[PDB]
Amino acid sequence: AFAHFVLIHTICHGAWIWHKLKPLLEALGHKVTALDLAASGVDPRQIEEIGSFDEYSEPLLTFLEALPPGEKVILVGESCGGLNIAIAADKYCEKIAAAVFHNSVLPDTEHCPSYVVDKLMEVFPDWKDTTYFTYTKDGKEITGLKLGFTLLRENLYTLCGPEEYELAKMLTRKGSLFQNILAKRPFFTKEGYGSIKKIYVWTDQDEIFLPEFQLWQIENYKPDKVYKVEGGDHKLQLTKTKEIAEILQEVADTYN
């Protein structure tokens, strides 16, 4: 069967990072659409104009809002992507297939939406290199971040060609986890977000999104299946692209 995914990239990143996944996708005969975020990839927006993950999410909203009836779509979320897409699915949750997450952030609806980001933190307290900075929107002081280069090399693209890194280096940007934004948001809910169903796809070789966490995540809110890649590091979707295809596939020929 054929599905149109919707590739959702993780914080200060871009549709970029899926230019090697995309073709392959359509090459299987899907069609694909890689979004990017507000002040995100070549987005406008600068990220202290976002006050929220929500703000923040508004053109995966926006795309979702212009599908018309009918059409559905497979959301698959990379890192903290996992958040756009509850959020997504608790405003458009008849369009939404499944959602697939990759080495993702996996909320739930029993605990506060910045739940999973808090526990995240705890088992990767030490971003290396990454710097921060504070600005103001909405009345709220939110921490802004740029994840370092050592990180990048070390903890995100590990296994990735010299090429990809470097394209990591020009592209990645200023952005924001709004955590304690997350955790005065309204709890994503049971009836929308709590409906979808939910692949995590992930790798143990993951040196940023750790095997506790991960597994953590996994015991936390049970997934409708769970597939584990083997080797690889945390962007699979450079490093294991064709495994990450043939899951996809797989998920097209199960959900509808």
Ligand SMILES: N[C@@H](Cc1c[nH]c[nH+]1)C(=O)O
The other form holds:
Protein chains: 2
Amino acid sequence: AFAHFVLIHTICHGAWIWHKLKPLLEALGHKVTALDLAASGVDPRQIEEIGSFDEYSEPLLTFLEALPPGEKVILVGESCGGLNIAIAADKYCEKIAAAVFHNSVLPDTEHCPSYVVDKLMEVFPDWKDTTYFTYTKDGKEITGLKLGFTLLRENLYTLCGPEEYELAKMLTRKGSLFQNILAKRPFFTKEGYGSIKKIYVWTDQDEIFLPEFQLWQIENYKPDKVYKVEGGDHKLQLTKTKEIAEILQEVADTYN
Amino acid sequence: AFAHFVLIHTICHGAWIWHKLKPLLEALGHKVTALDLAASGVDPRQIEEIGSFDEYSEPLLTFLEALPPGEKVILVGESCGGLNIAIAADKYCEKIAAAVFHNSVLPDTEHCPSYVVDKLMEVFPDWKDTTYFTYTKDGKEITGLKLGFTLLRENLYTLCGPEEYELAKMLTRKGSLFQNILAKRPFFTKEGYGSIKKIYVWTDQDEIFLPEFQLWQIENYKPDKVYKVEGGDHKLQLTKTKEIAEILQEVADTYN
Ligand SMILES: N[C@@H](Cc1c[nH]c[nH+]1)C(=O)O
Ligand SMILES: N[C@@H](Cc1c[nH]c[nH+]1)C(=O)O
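Can you switch from the form solved without the named molecule and show the form solved in complex with the named molecule instead?
Full complex below, order starting with the chain above.
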């Protein structure tokens, strides 16, 4: 079948990380939306005006609200994109055929929304040259971050070409995990997020979402389907684009 | 020699069009700055807050102001980047070793600053699906534009890969030529802009800055050096990146 894929970037990135996968999926006949989330890509807001991961997810929620009754999309999220998928499926589970997690966080319904992110910080505590700043929004002090260039080169874009890495240096923006607000956020629901089909895609070559973390997530909340891509690095949509397009063709053929 | 290249994008683009050339130049030992100009790339201003091509050029002027007495840069501009180079050389001709024009407008000192742009609109009057809007800034009605996707595919990125074209679709922003303000702008000076060494790089395969226009510019204001790259398309820094790096190595070796 042909599906409508909505591609969701991770924090500090934008729709541009999908510039290689999007043409491929369309060449297979699929419709692809690649959103900039708030204060990401060429979205005009700055991160200081955003007070939560729910506020951050506004372009996706507004997108899902705009879809006509009866059509469904496959949400594909990378790295912190998994949290935007949990927020959107709690409000629009009827519009979601399946969610694909691509080297992504996999929140559950049993522990606070920050749980998987707290576990990532234990497995991965050294963020090299990443800088931090704080700002206040709606009386909350938030810790923002700007990804360091050596962390981008070594851990996220390990095996990507120097020109792909260049785009990351040029285009990554200040973001936030909003970790302290995620903690106090109500849990993802069983009937919303819990009911979505979840396909987990990952590589053991990922240098930040290390195998210990990723296999830990698989055991904590079993995905409906798990696919392990051999080789690649953290940005599989850049180092293993064809393989991810094949996996996504197979997800379209199975879920609607 | 090694030089400091400052790479200047055209309107509606950002530093990201240089993501392929910048690694190459650095791999040859050069320093490279690739600026976002105002309301371009991931610069936070919107085009409605910009009232002229001089306001637009602010990141470049502030950059040139920050350089310590005695160091010099080679300015490399693409397409409307030629006008940012004329504005900057009228204020900082002492900081400029040479300016490279890359499929670029080549303003002169004899006619109003809009002259070459008025001649482009005569040679190239059909801008396909490009949209326009007007806004008012400092009592002037400006015509802004947003490049159409079929114009980007066919005329600007003709021969670029689908993934490079994808980045153009995802990242191009609303811009303005500020043509009516350019007309009333004082002429570029002979002692500033007129005294800069100008190297003109172009391809006859360019589908918007057609050979008639480009050869016309060469005859109107003779460049110090002219290089014609065989093949390629309008975005030579994407289709002929190595050839442009070689030409820029040779410009560094000759000018300082
Ligand atoms: N840039 C990060 C996004 C992230 C930072 N920290 C946690 N997640 C990535 O691609 O993985
Ligand atoms: N995007 C155009 C910039 C421009 C539009 N019109 C004139 N110049 C280019 O790359 O040529």
